[PDB]
Amino acid sequence: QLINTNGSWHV
Amino acid sequence: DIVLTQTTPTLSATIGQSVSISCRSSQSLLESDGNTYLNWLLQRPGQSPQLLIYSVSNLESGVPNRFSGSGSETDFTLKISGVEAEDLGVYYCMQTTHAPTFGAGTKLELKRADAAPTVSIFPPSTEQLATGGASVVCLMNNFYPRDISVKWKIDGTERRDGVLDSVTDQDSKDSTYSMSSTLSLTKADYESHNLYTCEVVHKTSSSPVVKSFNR
Amino acid sequence: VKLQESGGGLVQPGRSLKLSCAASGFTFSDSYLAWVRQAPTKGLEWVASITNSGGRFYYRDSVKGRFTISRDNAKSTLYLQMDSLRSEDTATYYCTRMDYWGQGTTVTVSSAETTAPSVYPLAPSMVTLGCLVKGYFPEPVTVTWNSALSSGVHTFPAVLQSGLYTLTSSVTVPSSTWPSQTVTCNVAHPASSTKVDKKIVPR
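Residue numbers (PDB author numbering), protein chains in the order written: chain A, 412 to 422; chain J, 1 to 27, 27A to 27E, 33 to 215; chain I, 2 to 125, 133 to 155, 157 to 212.
The hints are simulated quantities; they were obtained by calculation from the structure and are not laboratory data.
The C-beta atom is built at its ideal place from N, Cα and C for all residues, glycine as well.
Fair warning: there could be bad hints in the mix.
Cβ-to-Cβ under 8 Å is the rule here; a few derived chain J residues that face chain A [stated by the list, open to error]: (1) 58; (2) 99; (3) 152.
Given these sequences and hints, build the entire structure.
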């Protein structure tokens, strides 16, 4: 909830 | 890229007053997992950002209950129920649903009684003029609100070029602002004119405050 | 939780720098971390982020190809290799877990070299006297009055002029005090290891 650690923006 | 817009860049409040800081997102911040990744941070003067609220409305451990967050999918609001001295700083909304971005910040300054500036003009020193340069300085001290307008007139006509401004952070003791305006000129250019004027416009007066010298 | 950046300093463009973040008080290997920078003109920015065990990472478009994020879970340290540095990268660097931020490390990138200030006086119930602190680089400068004189002191933020910083410091004293008593500003520029004292003499 703090960071979207699973965000699709990552590589 | 996601744009986070903080409509009001500056907010004036008295100790004990309730305040709302708003953030608007260019696209929906609701992620595939049903969570909306919007965070609220406070940056107190001379310190690093501190997390207040995560996922629109969740209060971080150790943060006083006067802080609260709410929002839709594109509209987000931070609420301070009775502002305290320790709440003064800049408040940033922030998202991570998409490639992470921050809003531009809302300055939460303290509202105090209007104060008029103390204007002082200074001609360049001979030691400076002894080199190629010449700098004319105008100071507007201890004034409130932040909003002010300084105008340089050289023998009547306004000079825009070579002017540089600097406004201090709101004072620790009296909550006022103080501004300094330097007009950088060359020794030969400075010597080509007769009357140097600095004209200050603030809300505490209808007519401008005029400080001059000849030589 | 505790986080401590290091590695910041002044460099010319094209040069490289490696920051580090000492971590304690938490299980570093379970935490997702980020590097966030703060420039005056650009605001807060997400630079790079990485995953608890590695595997996934992120670099903003501005830093792709030049920057490298990494971590040593055994050593509880986070890293940022900044190669081919630009003026655009000038900002203060934060190592963060969102809930906890470090104190920062400032990174300055410029073609200008360590220059000491040239100090000029600003002289005319109350009297306002000043010091014009011109042609110095990098920041910061510490200005004092008679260090002793603190009440009435206004140190204005520096402004960049032709690659060099310029500031003003003023002091408001009662008309009785000056010139009967000595009014001097003490300007210090640690970067050049200089201290300049300038006595404000009536015109």
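Hints, verified against the model:
no., hint, verdict
1, 58, "6 Å, holds"
2, 99, "4 Å, holds"
3, 152, "48 Å, violated"
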